[PDB]
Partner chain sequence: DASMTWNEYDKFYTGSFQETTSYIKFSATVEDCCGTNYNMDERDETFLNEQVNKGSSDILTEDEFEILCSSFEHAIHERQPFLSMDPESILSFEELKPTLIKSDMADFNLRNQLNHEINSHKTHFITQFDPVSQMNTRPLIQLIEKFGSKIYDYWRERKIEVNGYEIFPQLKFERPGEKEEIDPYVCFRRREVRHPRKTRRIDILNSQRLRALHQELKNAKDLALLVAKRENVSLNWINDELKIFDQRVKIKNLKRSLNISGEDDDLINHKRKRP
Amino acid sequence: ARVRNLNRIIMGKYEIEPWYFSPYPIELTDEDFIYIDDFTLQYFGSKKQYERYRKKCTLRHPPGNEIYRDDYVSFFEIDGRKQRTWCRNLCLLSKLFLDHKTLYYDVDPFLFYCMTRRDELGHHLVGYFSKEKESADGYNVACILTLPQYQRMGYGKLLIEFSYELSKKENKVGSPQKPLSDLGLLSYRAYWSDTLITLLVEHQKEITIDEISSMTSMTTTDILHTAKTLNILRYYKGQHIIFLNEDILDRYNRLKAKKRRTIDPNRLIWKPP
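Can you show the single chain from that sequence in the form deposited without its partner chain?
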């Protein structure tokens, strides 16, 4: 009698192996897989069951308001309390790739911003980031995740950039919840670096900390840490600034050479509560 662990999830054409254990309320059997509907995120122990529900009539995108939509991606804002089932399913899926995550069942305190890529086939959920409706620490992100099958395609940086656009619209600085996984922290460091580098080349050769946080919603701490890492911190005109140098120009051009997609602030149709 085999009592197997969940060793693989079948999502669309993808067969993904979890990185960590997730509390799916499922029976342990001699099989080690479950089906995850790429639209509803519902889990099924049998292909037949999955098929049975797949036929049902359902929207083909996350259950929320589309507050951002460009030719590349869309962002849906979902209130956990309004979509408990879907969000709980999202959290169970997310935990498979997180060392730790708050109780998956309690989604009420969060707002989920799910990003989809649109094809000739429609919407495809590629990642998301949750956010406390009320954060005592002012965290502008709780967990952020790019589904495994879509990682290392630039989606994570888009998720992060979007979280800062919300903060900017809110007229507040923000920073991701600590502690961050290594993957998460390294992604933020790259984003913060790319951001200061782009500002120095496209905005001004010299910029004060205040100006930076005002334009990016990045906190003083994240700005200083990033500036020190790049060796671009100085004192000019009576205050601390970051400055441009050949290294930064080089980095900027290399960044641009990758012709990466970015978020257009003008397409964010959203008002904070």
Second form
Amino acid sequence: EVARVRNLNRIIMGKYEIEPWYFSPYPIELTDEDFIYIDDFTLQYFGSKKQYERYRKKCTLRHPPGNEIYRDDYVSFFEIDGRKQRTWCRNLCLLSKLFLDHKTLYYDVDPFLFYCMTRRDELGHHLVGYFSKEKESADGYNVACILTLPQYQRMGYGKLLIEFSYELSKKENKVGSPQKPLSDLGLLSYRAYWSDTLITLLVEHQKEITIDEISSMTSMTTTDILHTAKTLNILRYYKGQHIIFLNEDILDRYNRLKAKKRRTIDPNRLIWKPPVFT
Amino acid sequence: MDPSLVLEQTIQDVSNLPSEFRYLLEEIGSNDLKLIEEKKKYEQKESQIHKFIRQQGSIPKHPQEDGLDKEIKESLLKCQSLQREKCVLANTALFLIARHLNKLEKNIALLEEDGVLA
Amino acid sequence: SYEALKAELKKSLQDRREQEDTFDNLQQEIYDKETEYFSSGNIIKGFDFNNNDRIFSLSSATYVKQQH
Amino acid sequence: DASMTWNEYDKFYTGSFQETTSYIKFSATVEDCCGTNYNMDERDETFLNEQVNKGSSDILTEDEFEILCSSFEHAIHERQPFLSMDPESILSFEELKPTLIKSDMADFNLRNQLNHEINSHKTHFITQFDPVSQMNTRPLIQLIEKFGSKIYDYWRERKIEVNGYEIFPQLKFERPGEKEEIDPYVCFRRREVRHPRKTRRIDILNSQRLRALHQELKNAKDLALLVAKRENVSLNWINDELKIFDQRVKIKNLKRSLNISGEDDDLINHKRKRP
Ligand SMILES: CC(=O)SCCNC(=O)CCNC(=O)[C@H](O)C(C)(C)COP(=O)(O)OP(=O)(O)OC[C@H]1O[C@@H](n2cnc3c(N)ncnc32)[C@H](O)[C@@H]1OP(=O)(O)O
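Condition change, the form deposited without its partner chain to the form deposited with its partner chain bound:
The next block holds the full complex; its first chain is the one shown before.
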């Protein structure tokens, strides 16, 4: 009942004021405040402007508390273990819950890995979005929860998050799919990514390619590939096996896609090996 | 008290330490290289002042003494700034390892208080 | 006033002399300790030799000049 | 929603983060990079300005104020973990004072030991995790004598107002005693692993690996200390060069004023055998 309504009024994270969408189990005392301050580096919450000032004067953290595993001239990625960075990841989950309806903070942050995308500045790395990942997922999900902060939305950051999630799966020699209850906005973004990567792969390959060969090059599960082909009306059934072809539409879609000149993830700048858990 | 647990926890705690040591030490080297190039910048200007004193003494003023003294003081000042950074960096590496070492020594002491560890 | 400045400068030139001597010792001691301790688990390798693995000595650009 | 901009942002976010050529290697926690865990609110600063520093010859700084309160918070949690059972029975300053003296906040004893080992014995052991503003603050033991009792009286009342809980708003954690209330504000429950023990032989083998790992940390700590010493004496050297430079200019000016000749040997550097 209480969780089904917006918990907080307005939040000032860094220089950007954001308006929360859903309930988040912040300290209930903060619900009586007009403004809540969120540190741009530690994601710590504040109801008192004086406590915020004192905190900023003593805080030396200027990036996510973890190793930088990716960096280009646009964004960087940090890998953070929930078990190692309890305080920071709790703050991230509390912040993310404001914009994820079904995010659960029932248990602690230990069983999750947090891949956080930041943009660098004179002041440091500013978090723009992230996606979590189970350390050991039974269903093989490569993404648990994914979020682009509202102040950085509609800038293509959501696409970069999804790209990086598959670049991790490709480096893991595994196929992956986002956790199955996808939000309305989240589903819309994955369908757009799946179409764009499938259309680009088919056109550049220029030869018939098997479903298993597409799944091997993109780390997409066969389920997502088949579903993406059905939407594009390029899937057919012959002799008990699925076949993907090319038509005028795909070649036309590839042209409009390439003209967009979107930022992309450079796999050569990803210095990362999969963590080993005993 | 479980020695296998203590060993597992210690390795997990110290897993990222060798990466941090290399990262900190190569930043110290990067700054020490900047320090050497800045040392030559003032030692050459200081050699000009000293060359003058050897021939004529400290009583005659070097034709560019007032200009060189300001430039040497400036270069000597930014050398102090670079050197402070290396001290800070060196302190972090020492702090990280000492803090990991103290936690391990506490565990070893707790294991010795029982018959678990000899 | 002239005598005071000259006498406290000989002491500071002496301290600079002392700091340079202990600096040279530390440089050598660092190099020797690298040899003793690193020649299973290592701060160099990962806790789980080579002259280029002397990450402590390579932190000094004076040591880099010597080796090159 | 997030179009809006904050105007006081440039006041709260100052400084510069310098990018490094190689990727960042970091694992310190938020607690490591925040400093003193206590932060004054608007009520604390009016008390410090109007009741403590109004006519005082000795000024208590905001930073020093937080040092005292953080020690009070740490001591009470140790001695009275169940303070909420009877908030008005909170210990007095004199009763808590012995615990305050022995308190080791933010690895003070470790930092003090490292400061001693480096041969610095000057300033404080400062890392990448420490802010420059903390330089001015006095030691805790000195603060306990001058301002300990007066500040504790104020902090005692705030602790009573919150019924023995925390002054800063806290997350609601689950309690073992209470049945679940289906409370959406309860979060971050923990569930232990509960793994079976290894065989005794593996315990002995791992006990040997623990001793070997202990030796390697000692070896790395020795190298880390030597590098800290090398940079410490290099800091002493450049501080001498600055002082020597100003002592050479002043002598030359006075020497020219009196027109004295010779004695130039201290005014020029002399080459000597250097490895
Ligand atoms: C695992 C699951 O539960 S999914 C949960 C997903 N996360 C959320 O819903 C939290 C709130 N939303 C967000 O954080 C972000 O919007 C994300 C993560 C969904 C995507 O981030 P964005 O940066 O906004 O997406 P991005 O700008 O990269 O664009 C990707 C696509 O989403 C579409 N899109 C993004 N926002 C909108 C919108 N408000 N309305 C319509 N379409 C949108 C874009 O049109 C784009 O498709 P296109 O190529 O055809 O133009």
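Numbering follows the first chain given and starts at 1. Here the rigid core means the biggest group of C-alpha atoms that line up within 1.5 Å when the two forms are laid on top of each other.
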{"property": "Residue showing a 2 Å-or-more C-alpha displacement between the two forms once the rigid core is overlaid, selected from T29, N65, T221, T229", "result": "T29"}
